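Novice: The lines below spell out each chain.
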Amino acid sequence: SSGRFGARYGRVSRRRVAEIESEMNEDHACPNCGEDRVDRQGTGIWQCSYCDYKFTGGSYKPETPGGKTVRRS
Amino acid sequence: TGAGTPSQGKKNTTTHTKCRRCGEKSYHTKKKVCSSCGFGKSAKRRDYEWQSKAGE
Amino acid sequence: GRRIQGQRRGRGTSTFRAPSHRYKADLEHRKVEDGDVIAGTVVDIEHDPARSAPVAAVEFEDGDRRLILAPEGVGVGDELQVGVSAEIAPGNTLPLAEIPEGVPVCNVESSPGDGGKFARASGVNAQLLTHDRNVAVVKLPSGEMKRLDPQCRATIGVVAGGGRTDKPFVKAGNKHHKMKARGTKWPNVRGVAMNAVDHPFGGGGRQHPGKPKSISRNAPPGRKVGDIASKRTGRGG
RNA sequence: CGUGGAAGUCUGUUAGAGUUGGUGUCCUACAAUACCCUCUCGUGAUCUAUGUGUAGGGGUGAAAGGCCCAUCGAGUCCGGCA
RNA sequence: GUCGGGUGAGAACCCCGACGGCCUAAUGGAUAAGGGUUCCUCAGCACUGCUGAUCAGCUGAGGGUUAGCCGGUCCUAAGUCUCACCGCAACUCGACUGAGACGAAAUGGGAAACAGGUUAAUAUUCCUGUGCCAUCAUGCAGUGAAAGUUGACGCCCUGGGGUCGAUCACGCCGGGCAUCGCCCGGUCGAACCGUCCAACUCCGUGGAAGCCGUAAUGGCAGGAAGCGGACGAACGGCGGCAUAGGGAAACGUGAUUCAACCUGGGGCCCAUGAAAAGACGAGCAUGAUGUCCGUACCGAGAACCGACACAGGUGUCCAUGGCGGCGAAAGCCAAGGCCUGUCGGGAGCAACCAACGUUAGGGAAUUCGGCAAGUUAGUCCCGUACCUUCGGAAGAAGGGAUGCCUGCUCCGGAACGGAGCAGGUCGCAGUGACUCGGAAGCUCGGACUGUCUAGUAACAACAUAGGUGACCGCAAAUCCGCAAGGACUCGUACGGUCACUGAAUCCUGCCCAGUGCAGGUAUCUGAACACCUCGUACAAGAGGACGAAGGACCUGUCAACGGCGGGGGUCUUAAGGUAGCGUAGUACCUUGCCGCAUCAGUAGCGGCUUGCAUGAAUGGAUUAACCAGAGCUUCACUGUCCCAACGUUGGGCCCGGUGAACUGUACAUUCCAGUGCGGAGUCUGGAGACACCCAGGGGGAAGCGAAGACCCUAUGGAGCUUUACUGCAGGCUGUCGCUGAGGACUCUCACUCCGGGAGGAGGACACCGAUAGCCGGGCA
RNA sequence: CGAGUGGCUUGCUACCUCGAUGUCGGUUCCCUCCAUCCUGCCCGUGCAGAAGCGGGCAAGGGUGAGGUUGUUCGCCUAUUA
RNA sequence: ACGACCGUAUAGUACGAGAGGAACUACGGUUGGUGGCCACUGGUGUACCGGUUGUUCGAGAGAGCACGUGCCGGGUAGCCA
Ligand SMILES: COc1ccc(C[C@H]2NC[C@H](O)[C@H]2OC(C)=O)cc1
Ligand SMILES: [Cl-]
Ligand SMILES: [Cl-]
Ligand SMILES: [Cl-]
Ligand SMILES: [K+]
Ligand SMILES: [Mg+2]
Ligand SMILES: [Mg+2]
Ligand SMILES: [Mg+2]
Ligand SMILES: [Mg+2]
Ligand SMILES: [Mg+2]
Ligand SMILES: [Mg+2]
Ligand SMILES: [Mg+2]
Ligand SMILES: [Mg+2]
Ligand SMILES: [Mg+2]
Ligand SMILES: [Mg+2]
Ligand SMILES: [Mg+2]
Ligand SMILES: [Mg+2]
Ligand SMILES: [Mg+2]
Ligand SMILES: [Mg+2]
Ligand SMILES: [Mg+2]
Ligand SMILES: [Mg+2]
Ligand SMILES: [Mg+2]
Ligand SMILES: [Mg+2]
Ligand SMILES: [Mg+2]
Ligand SMILES: [Mg+2]
Ligand SMILES: [Mg+2]
Ligand SMILES: [Mg+2]
Ligand SMILES: [Mg+2]
Ligand SMILES: [Mg+2]
Ligand SMILES: [Mg+2]
Ligand SMILES: [Mg+2]
Ligand SMILES: [Mg+2]
Ligand SMILES: [Mg+2]
Ligand SMILES: [Mg+2]
Ligand SMILES: [Mg+2]
Ligand SMILES: [Mg+2]
Ligand SMILES: [Mg+2]
Ligand SMILES: [Mg+2]
Ligand code: NA
Ligand code: NA
Ligand code: NA
Ligand code: NA
Ligand code: NA
Ligand code: NA
Ligand code: NA
Ligand code: NA
Ligand code: NA
Ligand code: NA
Ligand code: NA
Ligand code: NA
Ligand code: NA
Ligand code: NA
Ligand code: NA
Ligand code: NA
Ligand SMILES: [Sr+2]
Ligand SMILES: [Sr+2]
Ligand SMILES: [Sr+2]
Ligand SMILES: [Sr+2]
Ligand SMILES: [Sr+2]
Ligand SMILES: [Sr+2]
Ligand SMILES: [Sr+2]
Ligand SMILES: [Sr+2]
Ligand SMILES: [Sr+2]
Ligand SMILES: [Sr+2]
Ligand SMILES: [Sr+2]
Ligand SMILES: [Sr+2]
Ligand SMILES: [Sr+2]
Ligand SMILES: [Sr+2]
Ligand SMILES: [Sr+2]
Ligand SMILES: [Sr+2]
Ligand SMILES: [Sr+2]
Ligand SMILES: [Sr+2]
Ligand SMILES: [Sr+2]
Ligand SMILES: [Sr+2]
Ligand SMILES: [Sr+2]
Ligand SMILES: [Sr+2]
Ligand SMILES: [Sr+2]
Ligand SMILES: [Sr+2]
Ligand SMILES: [Sr+2]
Ligand SMILES: [Sr+2]
Ligand SMILES: [Sr+2]
Ligand SMILES: [Sr+2]
Ligand SMILES: [Sr+2]
Ligand SMILES: [Sr+2]
Ligand SMILES: [Sr+2]
Ligand SMILES: [Sr+2]
Ligand SMILES: [Sr+2]
Ligand SMILES: [Sr+2]
Ligand SMILES: [Sr+2]
Ligand SMILES: [Sr+2]
Ligand SMILES: [Sr+2]
Ligand SMILES: [Sr+2]
Ligand SMILES: [Sr+2]
Ligand SMILES: [Sr+2]
Ligand SMILES: [Sr+2]
Ligand SMILES: [Sr+2]
Ligand SMILES: [Sr+2]
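For the record, the sequence lines run as chains Z, 1 and A. Heads up: the first sequence is residues 34 to 106, going by the entry's author numbering. Heads up: the second sequence is residues 1 to 56, going by the entry's author numbering. Heads up: the third sequence is residues 1 to 237, going by the entry's author numbering.
Keep in mind that the hints were calculated from the coordinates and are not lab data. Treat each hint with caution, since some may be false.
[Said to hold, decoys possible] Distance windows between CB atoms, simulated:
# : chain 1 : residue 1 : chain 2 : residue 2 : range
1 : Z       : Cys84     : A       : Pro100    : 25 to 35 Å
2 : A       : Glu59     : Z       : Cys84     : 14 to 24 Å
3 : 1       : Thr13     : A       : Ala172    : 26 to 36 Å
Every residue, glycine too, gets a C-beta built ideally from N, C-alpha and C.
Using the sequences and the hints, build the whole thing.
Specialist: Here it is in structure tokens:
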């Protein structure tokens, strides 16, 4: 996904951007319904194209490992 | 770019203008203060002892 | 010599100031008398230029439209409650006394009613541990055990925008854009690359500091550079 | 295979910005930093106008002791001063 | 520029005509700033004008700028000021907090104007026609009225609507050309009023289990398509405006591609892309009012800044004129502008110089070095290595094609769009000019884009992402202020401060003795106040007791300053150099030795390598990609060279006019020798020497230009450093005051902080004032 | 071992110039010296010849092209009387 | 204003066991330098003639511009090596 970076920057810098942007562009399950229609609107801002539910999540993930710990207690 | 002749070409800004108080072309239209009589800065007229030789 | 960069900072000139006129809101907790009967609906989720994390727009029962420090999971339509008898749900603000032990909390107050000081950055959280009639022990994001007044308010959940530090900036331009939204002079020229006149580490035929880097706490501004009062340096040992 | 159209991405005297070599021309100059060809950048940490801020042991400085009105390893003016 | 002509006392350069040229993002059009009358007219030539002048931006005298609807004015932006408050010895000084005001003329927001006519000079301002806005008054309607909407918004890609323009087709009007019958121009008509509505959104119907849809993404039983409907755009269409205006005339119609303008879809952010006034919401008639300021002209190779009529510098809009082509490219040409990048005349016009063309054979032999020049070149097809971070390398390399003419095919709705086929055919040459890469390899450096010495350094230097260490829980760390106060901070450890290293990959050894920092500390040392002894009718003073930080001492720490040897089969001073790399941009010896390559190679590359004096974030090694960075090799090319020639343009030379400067103790026609403070046109001896003038290239005048930058000297200066001398800020710490009640402790009432408040936290501490000790190139 | 000549190297001195006599190497253009490398004429020879070695007179003319290196110097190549 | 060299004949000779191997003299040429000249060869030749690309003058004809010839081909005199 880091083909835009060309022959520049190096492995680790463009491998970590490719991995993070791959998981960001993925089909995510919505907290309102159950559909795989959540897209990123900006830094930390997520929204479902189905029910128009705009929510807060991680910067690049819609759910962080720490955000899932909150539900437990 | 040279600091001399080619840098003089950009000089079309008006700063020092005719003062309402003293009549000298020293009223800075951006600072709103006169460099000659001190209009805009002080009620008292700008004067200094160094404007003349010490014993005069 | 000449005053160092750290001394130019304090003067508070344009170059060193934060673009305050471009900032949205000072995210503080709402002021309630007692009774808890203050709740609101989340209207929008906005980007906050001050902290690079998202912020939630909430419209309260008494007609007050204020931006609040958004925890993770808070979305449009959701109802948030602020007060003593508030529900123990993520996104609600209640004093540390009413919040159960072992629950991740954010935007914690130092002194009761200050509006929140601790655990506000992207994805961080404070952990409430021990309870008492006098003290509420909270474990801050640095790992420090902070003894606080149980009357200090806090919001349940971790702060939104988690994992921001995970992705590299890759290029200088990305750093440039972030820095233009902060109160920092960037790029950073090393003192060792400067002249003797400009910095304690300046000068020489080759680049190296002129004395050891570990400076005393008692050092005056102009000399306090490098490793400030270091207990140790290095990785090993 | 196509679609898509990313990029401190490439070519480019587009506009614009910059200034490598010629150690060419000039060197009582057209010019107290100019001319010509050549050359670099040209969607970005880009360029630019106007307005606005920071002032002299002080600013400002991607740091060359660079720049702060042809003035800088401490501006300029007058005074100390004959 | 040239030939005629005009005016004039006078004409190369003032004016008319013709012919010939120049400018095309400008040499055209409109403007901002800035200038300030430079604008127009008349009269002039003493001044100014690179010559001349009858001309003029010159001299003199007159004249010239007309606004409800174009700016200003109003609003608010970064931010500024004033007042109050507070500080300060004090203020014309100073941060905060309040209130007020100021802050946008091209280019932020914003009530309303269009078309034509007119002057020597103004013009959406005057005049004609038409229109529009606001306020107020009267009348009618209305009692709604403020919720909401608008003002009002980033970057990238893109669809749809659509005007001007451009082009095509055909018709009409006018012109041009004259083998043809082609070519050029025109064919007009606003604001405004009215009306139409695509996109988006929504409603009803419908009932898709696979269909609907796009350039693309996409949409749906949470209800798809289809059908009906609500809301709803243009600076656009349409009608009026218009027996208005304009044109000599005709006074068109259709189309394509479509700037403006309108309206959607998509993607990006560790970046989130103003505010306020105002408007809408919220009708209509008639009438009144609409003041004040700007308005000329230039806007540049002569109206601005640069002392100049300066080859410099200086913002915006016209980015859609034609051919050309990918093109806002070249070249050529319109519209418009100009012959003022303002001295001319003459000589085949010599030498010499600047720019430049062409040179046979050789082909880098030139030189520090291919510096300079040249070679290559557009487009299509074939084809393409090592290495690599798999992106790239790559337009690698190499090979072929390329025009015109006739007739056609395919894609598309179509283009005056694109891709091909067959036949014919011309030249030395078909990207025919123009436009337009020379290619390959080895090594060094820095990873990359970026930054820099305005004016001799663009680089390997700075920056960078990335790596790392340090400080700090926010009444913080760091920093500014004398103070009142302030930045960081609308910030809170995924933060931000202070430093080092400098992408990725593989790694980053050993040393804490010294120095630095930090922690600890029985004991030692450690100031002042208070306390005790002596002394003094008191005081000075002497001693003691207690003992803070600090020091001694101990420990931790090197991705902290740094270190990693001599000797022998330990010693200094802690350790004794590990991976690697290595004759290095680090190797003195040194052109090290061997090999490659060349006829020959102090070069370059590889290997070896005992390294004068490599080595691991003072980072070591390595490395794809990138580079106006340093070195080397090859192919190609060539006037760099052998070795120079001829030519072209501007000078140079002669003539008219204009007209400086540098320099000057005097004398001066010198030459060879000598002498002399040892580097003489001038002294001595000889030699030579008739005067003046033109052109030349620069041998001499230790030529001209600058009170030597080097070096030394001066009880000269400045910047910089430090364990130099002496001090000054600052930090830490004790003590006294503020400061209170019952060697450890409780409390609350000062005081501080949090809270809107109630009240909460803290608390005689802290802050502050004073003093004492320690640290203290931060500063003098 | 002794005696000298030169003024190209180096060193020494501090006379001249610090109100300035522009550096090294190279280049280009001119003149000169002889202690002669070649060429002319000679003497000797461990001179058969050929090719040399050594010496004398002699400055008319000539003494060139290249590879490394900024180099002067020097090393190297092929030509050359 | 000439310097120098190579070659042929002398001669496979003198000399010498052989190997090897001269000279006087007479000739031909080369090289460097020098002065002059252009029939010949070569260069130039923005005199001139032709071809041809783009654009403008409507086409044609005939022309302008494309840096002081648009480019390409040929090239007289002169000047030159
Ligand atoms: C090579 O090193 C050099 C040293 C000094 C000089 C100059 C001096 N030489 C003659 C005079 O003493 C002086 O002349 C000047 C100053 O013009 C030149 C070169
Ligand atoms: Cl950051
Ligand atoms: Cl105006
Ligand atoms: Cl669309
Ligand atoms: K001197
Ligand atoms: Mg806040
Ligand atoms: Mg900033
Ligand atoms: Mg840096
Ligand atoms: Mg430096
Ligand atoms: Mg210092
Ligand atoms: Mg370094
Ligand atoms: Mg270093
Ligand atoms: Mg500015
Ligand atoms: Mg320096
Ligand atoms: Mg007149
Ligand atoms: Mg006019
Ligand atoms: Mg002029
Ligand atoms: Mg040739
Ligand atoms: Mg040579
Ligand atoms: Mg070159
Ligand atoms: Mg078709
Ligand atoms: Mg090297
Ligand atoms: Mg670089
Ligand atoms: Mg570096
Ligand atoms: Mg420079
Ligand atoms: Mg550069
Ligand atoms: Mg870093
Ligand atoms: Mg870091
Ligand atoms: Mg080697
Ligand atoms: Mg180490
Ligand atoms: Mg002197
Ligand atoms: Mg010196
Ligand atoms: Mg001094
Ligand atoms: Mg307070
Ligand atoms: Mg000092
Ligand atoms: Mg001289
Ligand atoms: Mg002799
Ligand atoms: Mg001679
Ligand atoms: Na694809
Ligand atoms: Na240049
Ligand atoms: Na660059
Ligand atoms: Na100063
Ligand atoms: Na003239
Ligand atoms: Na309309
Ligand atoms: Na770039
Ligand atoms: Na140590
Ligand atoms: Na070392
Ligand atoms: Na030439
Ligand atoms: Na001379
Ligand atoms: Na100095
Ligand atoms: Na002698
Ligand atoms: Na020389
Ligand atoms: Na001779
Ligand atoms: Na040599
Ligand atoms: Sr320039
Ligand atoms: Sr300006
Ligand atoms: Sr003032
Ligand atoms: Sr006074
Ligand atoms: Sr706050
Ligand atoms: Sr508050
Ligand atoms: Sr240093
Ligand atoms: Sr270690
Ligand atoms: Sr680019
Ligand atoms: Sr480019
Ligand atoms: Sr140079
Ligand atoms: Sr010139
Ligand atoms: Sr110059
Ligand atoms: Sr040139
Ligand atoms: Sr004085
Ligand atoms: Sr104009
Ligand atoms: Sr006259
Ligand atoms: Sr005029
Ligand atoms: Sr205003
Ligand atoms: Sr405006
Ligand atoms: Sr369209
Ligand atoms: Sr005007
Ligand atoms: Sr100009
Ligand atoms: Sr014209
Ligand atoms: Sr003139
Ligand atoms: Sr020719
Ligand atoms: Sr060469
Ligand atoms: Sr060479
Ligand atoms: Sr080819
Ligand atoms: Sr590296
Ligand atoms: Sr610059
Ligand atoms: Sr690295
Ligand atoms: Sr230590
Ligand atoms: Sr070793
Ligand atoms: Sr001369
Ligand atoms: Sr002699
Ligand atoms: Sr001889
Ligand atoms: Sr020498
Ligand atoms: Sr040597
Ligand atoms: Sr013979
Ligand atoms: Sr024989
Ligand atoms: Sr011509
Ligand atoms: Sr060509």
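Novice: Work down the list of hints and note, for each, if the structure agrees.
Specialist: Structure-based check of each hint:
1. For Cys84 (chain Z) and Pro100 (chain A), the hinted distance range of 25 to 35 Å is satisfied, since their beta carbons lie about 32 Å from each other.
2. At about 20 Å, the CB distance of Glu59 (chain A) to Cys84 (chain Z) agrees with the hint of 14 to 24 Å.
3. The beta-carbon spacing between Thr13 (chain 1) and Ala172 (chain A), approximately 34 Å, falls within the hinted interval of 26 to 36 Å.
Figure legend: structure checked against the earlier numbered hints; every hint is met.
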